[PDB]
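**Student:** Let the hints inform the model, and build the full structure from the sequences given.
4 protein chains.
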Amino acid sequence: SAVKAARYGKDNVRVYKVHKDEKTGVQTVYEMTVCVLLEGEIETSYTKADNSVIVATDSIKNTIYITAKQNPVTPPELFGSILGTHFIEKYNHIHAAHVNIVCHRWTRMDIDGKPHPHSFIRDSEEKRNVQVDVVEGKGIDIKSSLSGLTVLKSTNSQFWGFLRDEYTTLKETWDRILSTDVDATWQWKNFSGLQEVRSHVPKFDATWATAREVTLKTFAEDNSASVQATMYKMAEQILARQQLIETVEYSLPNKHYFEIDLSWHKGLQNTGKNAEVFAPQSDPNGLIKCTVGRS
Amino acid sequence: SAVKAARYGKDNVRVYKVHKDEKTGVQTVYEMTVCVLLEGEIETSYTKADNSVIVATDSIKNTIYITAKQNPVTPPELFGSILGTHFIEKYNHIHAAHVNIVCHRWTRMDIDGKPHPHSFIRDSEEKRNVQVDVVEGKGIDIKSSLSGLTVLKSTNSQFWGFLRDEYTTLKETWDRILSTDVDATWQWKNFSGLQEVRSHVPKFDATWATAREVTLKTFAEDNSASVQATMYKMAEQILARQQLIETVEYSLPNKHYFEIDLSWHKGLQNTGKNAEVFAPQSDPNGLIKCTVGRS
Amino acid sequence: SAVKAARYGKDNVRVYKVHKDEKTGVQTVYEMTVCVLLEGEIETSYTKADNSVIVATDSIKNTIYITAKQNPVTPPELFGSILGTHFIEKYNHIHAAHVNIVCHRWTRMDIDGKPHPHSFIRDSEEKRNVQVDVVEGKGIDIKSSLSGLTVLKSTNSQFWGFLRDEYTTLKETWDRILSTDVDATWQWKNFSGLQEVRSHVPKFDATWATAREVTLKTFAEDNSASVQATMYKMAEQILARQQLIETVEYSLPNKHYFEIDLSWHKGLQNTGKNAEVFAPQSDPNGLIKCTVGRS
Amino acid sequence: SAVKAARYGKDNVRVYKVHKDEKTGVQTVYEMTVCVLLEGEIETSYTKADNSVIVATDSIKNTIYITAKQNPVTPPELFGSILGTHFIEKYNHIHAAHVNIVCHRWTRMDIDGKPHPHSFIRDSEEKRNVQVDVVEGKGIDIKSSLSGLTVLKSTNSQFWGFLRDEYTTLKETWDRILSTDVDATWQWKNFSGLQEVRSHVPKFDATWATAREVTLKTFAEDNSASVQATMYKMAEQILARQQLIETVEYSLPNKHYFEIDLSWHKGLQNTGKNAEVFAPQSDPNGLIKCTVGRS
Ligand SMILES: O=c1[nH]c(=O)c2nn[nH]c2[nH]1
Ligand SMILES: O=c1[nH]c(=O)c2nn[nH]c2[nH]1
Ligand SMILES: O=c1[nH]c(=O)c2nn[nH]c2[nH]1
Ligand SMILES: O=c1[nH]c(=O)c2nn[nH]c2[nH]1
Ligand SMILES: O=c1[nH]c(=O)c2nn[nH]c2[nH]1
Ligand SMILES: O=c1[nH]c(=O)c2nn[nH]c2[nH]1
Ligand SMILES: O=c1[nH]c(=O)c2nn[nH]c2[nH]1
Ligand SMILES: O=c1[nH]c(=O)c2nn[nH]c2[nH]1
Ligand SMILES: [Ar]
Ligand SMILES: [Ar]
Ligand SMILES: [Ar]
Ligand SMILES: [Ar]
Ligand SMILES: [Ar]
Ligand SMILES: [Ar]
Ligand SMILES: [Ar]
Ligand SMILES: [Ar]
Ligand code: NA
Ligand code: NA
Ligand code: NA
Ligand code: NA
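Protein chains in written order, with PDB author numbering: chain aaa, 1 to 295; chain aba, 1 to 295; chain aba', 1 to 295; chain aaa', 1 to 295. A prime marks a further copy of an entry chain.
The hints are simulated quantities; they were obtained by calculation from the structure and are not laboratory data. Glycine included, each C-beta is placed from N, C-alpha and C at the ideal position. You may find that some hints are simply not true.
[Unchecked claim] If you want the footprint, here are the derived chain aaa segments under chain aba, 3+ residues with CB under 8 Å:
1. 47-60
2. 116-123
3. 215-226
4. 255-263
**Tutor:** Structure representation (structure tokens):
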């Protein structure tokens with residue numbers, strides 16, 4: 001037996017950081033959960049009880065906090081690059097650092113029409129994420145995402161013309177509900193290293209903002225032929241708005257809302273154009289996925 | 001042995017309703033989760049296998065959907081009243097209906113700064129709830145609430161002057177983070193029946209709105225002496241702003257964010273006035289409750 | 001306004017304790033999660049910012065760990081009694097301590113058919129819980145329970161003879177699946193204080209054991225007329241088997257498994273006597289509650 | 001823009017099946033949750049609103065149930081092969097079917113020392129899983145796993161001799177608690193197709209049983225130098241007990257239990273050899289991973 005792959009590190013490290021401004025007395029809060037896993041010359045920790053090669057998970061945890069103290073934690077693509085870079089440079093035998101960050105929302109409250117200096121609400125469970133893979137002499141690979149963006153539209157979604165065979169019972173429809181939790185991911189052109197990441201910093205926030213705006217617009221506006229068809233259109237527009245993106249990937253549950261036939265009860269009319277009351281189905285769910293690239 | 005108490009029915013009934021305004025084309029969606037439990041002369045179903053007294057849970061589920069088709073599902077206080085009244089009126093032997101409703105958020109999307117006619121986002125897992133107890137002979141008892149409203153302020157929270165003895169290690173502070181998940185409940189004066197509830201319908205949405213607005217402003221503006229002191233201020237203000245409320249209750253976790261001493265590492269200064277990076281603590285948590293009434 | 005009711009303290013305190021028998025080398029582990037909330041002359045902390053009356057939640061957490069070090073953590077009824085008594089005795093102005101304990105399973109592993117001295121498996125998320133209310137002047141009130149015990153029988157459950165009207169669609173059955181998550185609670189007779197609780201210690205583990213054994217056997221053997229009828233039988237048997245119990249309560253979801261009509265596909269026969277494949281329904285669920293006492 | 005990859009299907013399909021024996025009157029229950037996603041000539045459903053190529057998720061759901069009716073659902077490696085095979089053979093344009101199955105525990109109850117014919121308990125939240133990738137003209141790739149097997153040992157785990165630098169605070173130890181949730185996966189030699197899978201059926205259950213036995217034994221018995229070192233030993237033994245396995249992969253959280261220093265309180269002694277009461281840490285957690293193969 002031989003180790004074919006191994007990585008190890010610290011997961012679920014919660015981090016908060018505050019910035020306090022001088023002139024303004026305005027405060028800004030940032031909260032994330034971090035995972036850093038390491039690869040390199042570590043097989044012997046597995047094979048020969050040889051702990052000498054292990055940078056302790058505990059130490060990795062310390063290093064996340066220290067790093068957060070020493071640098072801005074925003075945007076997470078930068079923070080993750082910085083953090084990941086630290087590990088491969090500091091330790092000879094460590095050849096890759098994989099950093100996952102989930103950013104939690106803390107949105108400034110408006111009180112009596114004006115933004116509060118130091119009070120925040122978690123205004124959605126929606127997250128902003130990165131996966132930052134820092135690989136020694138292979139550069140920095142970044143995937144940015146939004147996830148947990150839960151949306152519904154009450155009309156202007158259709159699904160007809162699919163294969164019908166001896167397995168099919170689904171009725172065609174020209175007017176249904178569409179609901180999903182959006183998980184959208186954009187993969188950056190490889191960066192040669194930390195310096196290169198630093199040259200692009202403003203694009204990170206801008207491309208997140210774009211991806212979200214494009215998701216919501218296309219979802220709201222598209223008289224959708226299918227989930228397949230609507231996600232495609234979103235991805236097209238995202239690629240067309242940022243050249244440093246190689247691929248855009250959506251993963252979309254179809255969270256079904258069934259009509260309820262009430263006609264058995266006093267001829268109550270609640271289907272087709274009369275449909276008002278629906279039963280949201282917790283399971284199962286359609287799951288539709290797509291990765292889109294340049295020709 | 002004897003039955004001392006008994007209730008039964010259907011829990012976790014998901015319900016969506018859509019309104020379509022045919023003039024404007026604007027749709028509005030409502031989604032909830034409903035529990036109905038019944039009490040009455042039902043002891044024999046437990047003692048003698050007498051199913052003749054059971055309105056089947058399956059039937060209670062049908063009834064929920066039927067009632068939602070036949071009536072507005074909003075405000076939940078009204079819907080719950082209507083649903084519970086149905087059971088005590090329809091079935092001679094049923095003497096109480098206990099209706100719990102959790103309302104889920106579907107906030108109309110703004111696309112390019114105008115509200116979209118039929119697209120919605122779940123902005124946060126905050127809920128608005130009611131518990132409506134319809135009791136034959138004893139009118140309609142309603143408790144409304146909001147829950148899962150998660151907030152944080154980065155400053156203007158203090159906690160000093162608490163008891164200190166051989167069990168105490170907590171340092172006094174004049175500047176700490178305060179973060180909670182707000183569960184606030186207002187108990188209505190007893191209503192004589194459906195007719196009286198229908199006559200106060202506007203007060204429901206307005207008292208909810210007040211409860212939320214006070215919570216948010218008080219949390220944001222109060223320079224807090226404790227969770228105890230700040231939650232009292234919210235409750236007193238809510239009572240003063242709606243006469244038909246008898247009590248306000250808050251239940252508030254103290255979601256601790258601990259300073260991290262980084263001084264062991266390169267003399268890093270991260271405590272007291274220099275604290276910027278903190279460790280959010282998932283558990284344990286303080287929990288602080290109050291019920292506030294009129295003197 | 002005035003405070004009508006108030007309690008506060010520390011929730012979600014995780015506690016592990018190990019016993020080591022130095023003769024045998026056998027270790028036993030216990031793990032729980034503890035909540036302590038206090039009542040007393042504490043109104044001024046809410047009304048006047050008087051922190052002098054607050055035993056800090058942080059201190060209550062310290063106290064939990066200290067008490068667990070100084071005493072057996074088992075049975076939970078005893079531990080809870082000891083912990084709650086500490087608060088009402090130590091602090092003049094605290095008049096009640098409400099102690100909730102959830103005990104987690106760590107079952108000793110069998111390796112090659114002998115029990116291992118110091119290795120354990122979490123066999124299921126079933127819990128054993130207590131709520132111990134220590135009230136100055138009014139003794140010690142204990143409710144014990146078991147919760148999260150998930151069971152299913154594939155046959156020997158019936159449900160016919162229920163009311164049928166214009167709201168009913170459920171077909172009668174003489175053979176259906178029955179599945180539940182058992183939450184069962186036994187309320188102890190009031191104890192005068194710690195001394196009396198200590199004098200009945202063996203009755204705790206034995207009454208838990210009885211409660212579980214009866215639940216399991218009755219569920220397995222009863223040819224059930226309803227959830228109502230079967231849960232009553234459990235409760236009556238538990239009361240008859242421990243005199244110091246005043247009430248037994250059950251709360252039981254009916255976790256529905258629906259037949260699937262496959263006849264549209266190749267005449268496939270999957271209903272009634274031919275039913276083998278079923279669709280477990282996540283929601284909604286029947287919910288059936290009883291409290292049973294002595295006549 | 002062009003689709004670079006796409007798959008779609010039905011997720012979270014719950015399935016129960018019962019077998020009833022003639023001679024014995026013994027019943028056996030099986031419960032799983034199924035996901036099937038499809039690949040093939042489907043890009044046009046994304047790019048050209050062309051639903052003609054879509055086998056409806058609804059239909060895929062039907063097909064899971066029908067398949068379950070027509071075949072044993074055990075072992076899941078076979079069921080998944082059968083189900084996946086169905087899709088690539090039935091539909092010309094579908095070239096791969098990816099089947100994930102999670103098997104839920106329903107363990108026969110012993111009542112009064114004898115196994116009950118038709119009553120079952122969910123005796124752990126531990127799962128048995130497969131991922132079955134059926135790829136047209138590439139055969140059937142199977143990965144089997146167990147997950148959610150939560151274990152703790154109170155002693156006979158060590159962690160010393162790791163790198164110490166300016167980032168390290170962790171103390172070395174020769175006696176600690178070790179707790180983890182085991183996620184162990186074994187990847188089968190590629191099978192050429194359904195016929196080949198059928199020739200190996202008994203090995204599926206045997207290899208699952210082996211993997212579990214080996215995990216628990218090695219965990220209980222190994223005076224572990226590190227998580228890294230203990231997982232390695234498990235994987236070694238698994239490979240050495242079944243030739244049709246190419247690789248074994250473990251992913252193991254280190255669920256930390258901290259000592260609690262109580263000496264500040266009355267010189268209470270609770271560390272090193274005196275350590276009895278520990279604080280279980282919900283987060284963060286060490287995460288250690290390893291894939292092991294034949295030389
Ligand atoms: O077993 C362990 N492996 C590690 O890599 C580690 N780091 N901190 N503690 C640890 N324990
Ligand atoms: O109302 C329904 N719509 C569907 O799409 C469906 N599929 N299975 N059952 C169903 N019921
Ligand atoms: O606001 C607070 N209330 C309390 O009762 C407390 N105890 N510790 N910290 C605390 N903070
Ligand atoms: O930084 C800390 N603050 C606290 O209030 C506390 N209580 N336990 N440990 C602690 N650490
Ligand atoms: O056991 C049952 N009790 C009920 O009250 C019921 N209602 N529908 N099905 C049911 N099954
Ligand atoms: O098969 C079913 N059984 C039921 O009891 C039921 N109730 N609603 N739909 C149902 N389908
Ligand atoms: O948008 C959809 N895509 C599908 O593949 C599908 N299958 N059933 N319903 C569906 N809706
Ligand atoms: O008791 C502790 N043990 C540890 O391993 C540790 N790491 N950070 N803090 C800690 N406290
Ligand atoms: Ar952060
Ligand atoms: Ar979509
Ligand atoms: Ar609704
Ligand atoms: Ar507060
Ligand atoms: Ar414990
Ligand atoms: Ar039952
Ligand atoms: Ar199954
Ligand atoms: Ar391990
Ligand atoms: Na390196
Ligand atoms: Na009545
Ligand atoms: Na007292
Ligand atoms: Na094919």
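**Student:** All hints are to be evaluated individually against the structure, with a verdict given for each.
**Tutor:** To see whether the hints hold, each was checked on the structure:
1. Closer than 8 Å: that is the beta-carbon criterion, and the stretch 47-60 of chain aaa has 0 residues meeting it against chain aba, so the requirement of 3 is violated.
2. Check on the stretch 116-123 of chain aaa: 7 of its residues sit with their Cβ under 8 Å from a Cβ of chain aba, so the three-residue criterion for coverage holds.
3. With 5 residues having a beta carbon nearer than 8 Å to a beta carbon of chain aba, the stretch 215-226 of chain aaa meets the requirement of three or more and the stated coverage holds.
4. Using a Cβ-Cβ cut-off of 8 Å, 3 residues of the stretch 255-263 of chain aaa lie near chain aba, which meets the minimum of three, so the contact claim holds.
Of the numbered hints given earlier, the model fails hint 1 alone.
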